[PDB]
Amino acid sequence: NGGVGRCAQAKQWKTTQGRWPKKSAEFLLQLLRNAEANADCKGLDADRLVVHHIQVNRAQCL
Amino acid sequence: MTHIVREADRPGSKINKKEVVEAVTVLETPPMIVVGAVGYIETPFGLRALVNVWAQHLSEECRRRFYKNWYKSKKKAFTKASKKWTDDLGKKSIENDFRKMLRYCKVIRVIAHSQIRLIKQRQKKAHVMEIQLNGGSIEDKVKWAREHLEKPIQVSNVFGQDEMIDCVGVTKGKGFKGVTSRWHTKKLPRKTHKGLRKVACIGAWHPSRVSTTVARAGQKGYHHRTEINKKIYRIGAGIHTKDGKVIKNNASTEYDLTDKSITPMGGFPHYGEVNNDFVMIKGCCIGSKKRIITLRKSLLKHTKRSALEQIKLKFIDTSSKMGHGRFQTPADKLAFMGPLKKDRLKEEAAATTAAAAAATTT
Amino acid sequence: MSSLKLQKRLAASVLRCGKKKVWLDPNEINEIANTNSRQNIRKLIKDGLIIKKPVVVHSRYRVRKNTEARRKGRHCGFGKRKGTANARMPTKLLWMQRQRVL
Amino acid sequence: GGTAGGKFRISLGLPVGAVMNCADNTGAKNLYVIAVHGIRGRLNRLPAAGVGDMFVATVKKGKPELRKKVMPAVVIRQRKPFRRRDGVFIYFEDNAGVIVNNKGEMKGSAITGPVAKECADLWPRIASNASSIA
Amino acid sequence: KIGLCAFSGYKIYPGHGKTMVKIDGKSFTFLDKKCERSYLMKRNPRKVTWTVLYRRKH
Amino acid sequence: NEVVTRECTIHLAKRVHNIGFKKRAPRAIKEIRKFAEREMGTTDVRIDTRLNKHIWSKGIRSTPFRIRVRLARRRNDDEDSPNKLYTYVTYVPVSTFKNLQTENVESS
RNA sequence: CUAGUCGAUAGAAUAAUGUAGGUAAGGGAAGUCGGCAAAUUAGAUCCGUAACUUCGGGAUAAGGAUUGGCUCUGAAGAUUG
RNA sequence: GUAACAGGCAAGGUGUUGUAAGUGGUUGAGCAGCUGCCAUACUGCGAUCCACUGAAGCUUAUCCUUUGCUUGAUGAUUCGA
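Residue numbers (our numbering), protein chains in the order written: chain A, 1 to 62; chain B, 1 to 362; chain C, 1 to 102; chain D, 1 to 134; chain E, 1 to 58; chain F, 1 to 108.
Treat the hints loosely; a few may be bogus.
[Claimed, not checked] With a Cα cut of at most 27 angstroms, we get these calculated DSSO-like pairs of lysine-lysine:
#, chain 1, residue 1, chain 2, residue 2
1, C, 20, F, 53
2, B, 333, E, 18
3, E, 1, B, 18
4, B, 282, D, 7
5, B, 120, B, 72
6, E, 47, B, 333
7, E, 18, B, 14
8, B, 342, E, 57
9, E, 22, D, 60
10, E, 1, B, 312
In short, the hints are calculated from the structure, not lab data.
Taking the hints into account, I'd like the entire structure generated from these sequences.
Structure (structure tokens):
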């Protein structure tokens, strides 16, 4: 978080800093669309779902 | 600020019995509403607020310091703890709470609104302030404050003319400035690489830190200051209809007698329209447009003969501030300039349509 | 729909005014883009779907409102003179003309 | 000295070294401000003469017996405006000075143009020889 | 007290102006800077059509 | 109703002020989009092309001090979108904006 | 104008210090190692021009005056006589 | 506050530049077509000037004022002794 700009919508998180990482959101939309799609396969009710365990890692730098 | 001629009343200066053209300031002070009474004791730590008694009804203008969102709320302060004046209370609630100031306390300060909706701003949310009473035998101070709960007090009873007021406010914000503006440091030459409006040296080798005596980029604008020894030249009282419409000796005097008002032509620019009472001090209190300057009475003695005299002012300049005033009253333009191609040559259409209105019924 | 990068380059080399001045009909780009040969694009040009977008008027009105006022000398004072007098009319070509007169 | 009452601060328009008219009828035609006559000073700051501020002068393009000497002089009018104490802001058409001994007595007998009131009030001898004060 | 603008013809309430002294000896009150500048460019006031002197040319 | 078409004047120089020249007036066509979404509530603001031709009439730098624009908030015909409404602002040529009191009555 | 491009990562906002460009009362080099940097002058027609000189120059020395717009007048030629 | 309000418009006010386009002019150097037989003439000439004209522009974007037209709530996130 250095040197990320401060804002006011990051009061709710209780940390004065934060950004709006557009394409980082939209790769996780396009994942939770695909995690929800297998939830509809087995017959899980999609509205009773919580994000239980999410993690991000590294890959081979290009 | 608005520029006053007067005739100076000194001993052997060089302006004696002569005229000077002074700069004055206008503070629109609509009457404070006093709303509650606080006592303080002494501890070996300093004073300490002990009791707090509020009046029961408070204006909706001035229960608005207690909220940061008022449109959104349910307006529930002071709804519960203002019922203490309506229960028994005569053995239990409040007469005890006024007993406590008679005995324990030493300093009784009083809480006051400001009726800021008379000022015509977009603000609509008040300013609460603790004013200390300073009249003897604090048995008096608790009865003075028990009289004037919920009742207004106006600026003519606090101050007089020819007193030395003090002004306590905030200055005007400039921003993150730099060093030849914050501290007014020299400029480095035109041959200065990497920056000339700096301080060049920032310290010695040793003490090998930087000190808090060096000039850095540390704020300009918006500091608290108190300024002493402004002198009140006039106290306005300017509203309305004592028998008929009344504005006269607001900006009038005994050498002018056109009666108008302190507000120039086209208003005070960015500042207002002033209709209410005003205190008119000497030159320059602090701040921007529409600040809350509180005026405290002077802490000190005045024996300087500049501080002591009474001056009655000759003239109050009510010409515009919005570019360069040429005339004083709006009917002073008709002394110089008569019929502009306007409602002086639009009346001659307005007179014949009213004659066509007279030709309508006939 | 499609890119008429090809379709424009063939138009400006058929009309022979380069493609600053080519107009392809912008409601008929579906039907323009199906056409690849130039013999298939003169048919779109004889028909009214590709036009040659005429030249800019660089009007000569004021140029000859002025040089009818020079004939009366309206703009030749000493503050409209910037050549040395030998440059405006070379005196070698006044004594050339004068000798040929005599 | 001789400053009667409070001579209020006016704006100084003549630093070291400016060149003033010598409105004198002595023969000097320029006066050049070497230095002004009341000045403590702070660092880097140039002394500067107001109206009725006596100073130290040389005549640069004058007479032969007034040149290459150091003499006193008094400013009688300047071109940068100055607030008089009744809201007036007077300035003049060009700057001018007057050769004076150390007492305050003039050197010549005429002053060719207006003397400001500020100069006349402190020097009564320049006041007497004046054409039109203020 | 109330003084007269020398270029135009307006009144000058106290404060409100600058005042020029030529070394003729004469003193000139102007009302604005606009009048003061426009005198030093020698715009004659009979010819500037917002004045009093142009206005007394009717 | 939600289909109303409202004709109103807009003081432009009030808005493209504080902005350096040669940045207006492609700024003045953003300030128009801010003007419509405060007057018709919608977000999809379409600007009639003739208005853009009018704004770029006096170059990038100079911009007309006041315009007389006519917004029409219509329901989004096709392309089923979140925004069911969209405002279309067209250019009205008038002579003198003086005493041109804005009004909503535009049947056409 | 003809042809040719708007491709230089885009939006918001205009703090400090900057790189680049303007203007600034009064004074005018006091600044500085030093007028560095900036400022002034500048095209054209007519006047006019100093020391010194290798007689060629110096010299655009210096120092001045003029100039827009509009409506006119005069002078300069060609083929036919 | 279904409007104690408010935003956008508009009207005033104050300013600022300095007399708008437009017709009309006995304002206009002068020159022409006809200048006429008389009446003695139009202008397509033509910088300017004048009237309508202190007009016209701009005027809060960090100016002032409202019984003028217009518009409006209709979200989101967290929190107890």
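Going down the list of hints, with the structure as the test:
At roughly 20 angstroms between alpha-carbon atoms, residue 20 of chain C and residue 53 of chain F fall within 27 angstroms of each other, so this suggested pair holds. Pair hint residue 333 of chain B plus residue 18 of chain E holds up; C-alpha atoms about 22 angstroms apart against a cutoff of 27 angstroms. Simply put, residue 1 of chain E and residue 18 of chain B have alpha-carbon atoms about 12 angstroms apart, close enough for the 27 angstroms limit, and the pair holds. For the suggested pair residue 282 of chain B and residue 7 of chain D, the alpha carbons sit about 22 angstroms apart, so the restraint of at most 27 angstroms is met.
Taking the CA atoms of residue 120 of chain B and residue 72 of chain B, the gap is near 23 angstroms; set against the 27 angstroms cutoff, the hint holds. Distance restraint check for residue 47 of chain E and residue 333 of chain B: the Cα-Cα separation of roughly 23 angstroms lies within the 27 angstroms cut-off, and the hinted pair is therefore satisfied. Under the criterion of a C-alpha separation no larger than 27 angstroms, the hint pairing residue 18 of chain E with residue 14 of chain B is consistent with the structure, at around 22 angstroms. For the given pair, residue 342 of chain B sits about 23 angstroms from residue 57 of chain E by alpha-carbon distance, which is consistent with the 27 angstroms threshold.
The straight-line distance between the Cα atoms of residue 22 of chain E and residue 60 of chain D is roughly 25 angstroms, inside the 27 angstroms bound, and the hint therefore holds. Proposed proximity of residue 1 of chain E and residue 312 of chain B is supported: the alpha carbons are some 17 angstroms apart, at most 27 angstroms.
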